[PDB]
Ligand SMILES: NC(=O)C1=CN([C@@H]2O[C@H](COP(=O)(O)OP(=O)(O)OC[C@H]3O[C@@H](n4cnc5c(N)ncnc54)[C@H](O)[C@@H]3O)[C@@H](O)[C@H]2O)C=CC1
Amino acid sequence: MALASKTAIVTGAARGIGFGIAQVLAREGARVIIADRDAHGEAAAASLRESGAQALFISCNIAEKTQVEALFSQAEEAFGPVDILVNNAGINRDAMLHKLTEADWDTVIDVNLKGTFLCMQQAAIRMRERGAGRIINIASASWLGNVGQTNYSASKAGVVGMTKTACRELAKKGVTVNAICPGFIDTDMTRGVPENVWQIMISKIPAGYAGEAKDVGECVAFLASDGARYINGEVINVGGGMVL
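For the form solved in complex with the named molecule, could you give the structure of just this one chain?
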């Protein structure tokens, strides 16, 4: 029970990787705020409660500062000081560089990059006064480039930059800020693809299988623990050796 008596916000935790992260944190004893724009977040929180954990859904669009301020206020009123923030919420609006619309650019930056910043900021305001904390950002293997992902790669590389900046500003205050880059993970987004394509992606992964949400969760749980106090500003790939 490595995270007993700790409070964690996981953004985008209604489903997929976020939900897997929330399960693992809950398994290790954390009180978990499921922060999501979608109301299925209530079902995710309920699922954690049914397994014996303490959990609460808070509706939040991370791209809106006032909603993010409200998320942190409410979270702390309910479960006390936020020890752990996991910035997992994100979207794709893929297109080739020459075709990408301004709207599809704007929206991906707004959620993945700005939204992540807004949450990091709220965590930082609080954590720097308490002298403790964990911020863990979910980036992507696409941060060093991927076809069709000018907006997404920009946003996720941006997240890595902020991660490293925040490490420098907050490390002396007892806070760690790290990034995880999932490789190819089995979720709803990756499942709905022709089976021939799936096999091509698998053949790019030296380990020979797609990861699960819980593989990302295990790495988050480790970075969130006291044993990872000296890991700061890192980018850890969770992709079975896969070089995108």
Contents of the next structure:
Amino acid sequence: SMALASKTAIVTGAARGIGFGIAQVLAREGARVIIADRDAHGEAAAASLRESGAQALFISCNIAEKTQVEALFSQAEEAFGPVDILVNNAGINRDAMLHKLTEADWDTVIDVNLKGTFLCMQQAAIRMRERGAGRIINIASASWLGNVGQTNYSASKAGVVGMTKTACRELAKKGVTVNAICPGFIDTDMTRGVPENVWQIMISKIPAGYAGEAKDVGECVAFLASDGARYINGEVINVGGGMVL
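Mind giving me the form deposited without the named molecule, seeing as the form solved in complex with the named molecule was just shown?
Next comes a single chain, given without company.
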């Protein structure tokens, strides 16, 4: 109980899906949570958390724009005090085969997934290194080591891993940990359109024999955010039931 009592956390992309489950678990452990998203459903997400007794706020933000990320952090800190935990979960897909991928679809995915994560990491780092404490948890993807149709997405999520590791080397001596999680196949409100035949193939690749839930990702986030995980830094942890993509 209360591993993260009165810590302030920003979770990007947390209106739905994996990010909302992360937010739920952080709130369960006592964190005050900022849901940062472009999706207006973020307000309903924050309200759901509040209804359960947690303190939460939605801040509408496009993380690809530095000025908006700056404003996000300033507003978060005005509301809830210093940001102790940043979870970079925001990510989009615009899949296409390598020979067909448009420049626009390339650009959009790199801008959100990779640049947006950099911009948020940067705002956290500026603050956390001065304060001498912090947690940065990046949500990458099982696709970081390749997946058909995901030239842009795999580039973006592998790039997040590289930044995770660099950031660990720069920030560990300041009392900050920076780690990445790679979810496996997670069944959420954002995967309700996966065809049955495709689910069967996915499940066949999972030793556990079932698709995970958003809260499985959230439990790992909450551990990494805790004081107990002070000596885990620069790691890439799969939360996937053994699945190899």
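Whichever C-alpha set is largest while still superposing within 1.5 Å between the two forms counts as the rigid core. Positions refer to the first chain, counted from 1.
Engineer: Superpose on the rigid core and name the single residue from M201, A207, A70, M189 whose Cα moves by 2 angstroms or more between the two forms.
Structural biologist: Looking at each option in turn, only one qualifies, and it is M189.
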